[PDB]
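It is the complex with one fewer protein chain than it really has, and the rest are unchanged in position.
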Amino acid sequence: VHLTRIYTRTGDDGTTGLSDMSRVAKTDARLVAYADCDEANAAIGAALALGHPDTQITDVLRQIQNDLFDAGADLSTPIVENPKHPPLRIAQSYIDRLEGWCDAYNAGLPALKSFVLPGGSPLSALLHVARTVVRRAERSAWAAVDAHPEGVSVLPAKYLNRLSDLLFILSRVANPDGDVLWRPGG
Amino acid sequence: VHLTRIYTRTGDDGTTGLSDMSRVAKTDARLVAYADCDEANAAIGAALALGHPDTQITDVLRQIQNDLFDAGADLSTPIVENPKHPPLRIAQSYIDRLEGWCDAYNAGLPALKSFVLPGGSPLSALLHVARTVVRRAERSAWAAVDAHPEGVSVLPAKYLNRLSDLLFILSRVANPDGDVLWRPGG
Partner (left out) sequence: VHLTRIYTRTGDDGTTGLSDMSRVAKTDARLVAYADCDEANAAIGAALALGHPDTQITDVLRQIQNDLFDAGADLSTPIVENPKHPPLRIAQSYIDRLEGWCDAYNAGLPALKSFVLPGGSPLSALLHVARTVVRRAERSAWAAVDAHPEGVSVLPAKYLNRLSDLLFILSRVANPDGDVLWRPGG
């Protein structure tokens, strides 16, 4: 990856390049998926810069941001038989880590009997924004799997699935005074 | 609604559950609609947490957040003849309330002869973000009606239609010094 002049104009005809340099329409399901990972990465960035999380939560979120570029590398690289060089791929390893974090940060929390109205601390509010963008990215990743059941891995979608659960847990940790809950029809 | 362990892994195959436990693809038009309501709810949360609205506007926004979970409940519950239990549904009631708020908060504002360039106060800017996310949720709700003209109600989309108008009005109330306007081609 070399970011130099940034604008190359090779996308001005509505096509763009996968990581193997093959050309796709800018509406291609695969591009949509890793573009949505990028949008999710930016949403986490806003939680970091405007929410001012403590060091431990900062460290978790920075690792997730790095994971999301691993997922984008995966989604942008077609799966091929016997590649010349090993591609970067999401592994179950990644999802186990998210689950370990889910359990650790959920341990100190009481169960909820309704949904949370997002808000409270700036950090909590921004983690809810990130949560919903990640969930949008997950849907796009499943759509890429549908379009390419052999060429696209399911593990990016699985990673994004578990990640939005972690972001919900972290949004609660970021409101130590408690959340306001939904009153159905009230 | 019980939120306990959060991650269940039952969505790791790209399917999820409606409120009646029936299974749908994670690209299903109905899921997209109430997921986008969730995304809109988070955007309002950001306006509350980073925009610091006064008490009365805070009360309006918290009621809208509650309404949006009512709309998500509606969209996630297929309409059936003679249900066992009365489902939670959006009613005209809800939209009449949004209209009453539109009229009250628009009363003190002069007419505009161009579009507003979003900005100014943090609250105004965040309300514009929420406004555009709500409009995206509205389009998804109409797409859900198209895919299920008998099983999905139109009132969620109608609520979202009127809601983005209210958020525009409130975004102006949140810039008492006035907004910067579009200069076509300038």
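Chains here go by letter, A and B, matching the order in which they are written, and residues are numbered from 1 within each.
By our rule, contacts are C-beta pairs under 8 Å (C-beta built on N, C-alpha and C of every residue); 3 or more make two chains touch, one makes a residue touch a chain.
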Which of these, A:26, A:113 or A:183, touches the one chain of the complex that we don't see? A:26
Touch assignment to the omitted chain, from B:62, B:89, B:97 or B:136, lands on B:136
Checked against the full complex, the residue among A:11, A:83 or A:100 that touches the missing chain is A:11
Extract the touching residues of subunit B with respect to the undisplayed chain. 50, 99, 102, 106, 111-115, 117-122, 124-126, 128-129, 131-133, 135-136, 138-139, 142-143, 145-146, 154, 157-158, 161-162, 165, 168-169, 180, 182-186
Residues in subunit A touching the chain absent from view: 1-7, 11-12, 14, 25-27, 31-32, 35, 38-39, 41-46, 48-50, 62, 65-66, 69-70, 73, 88
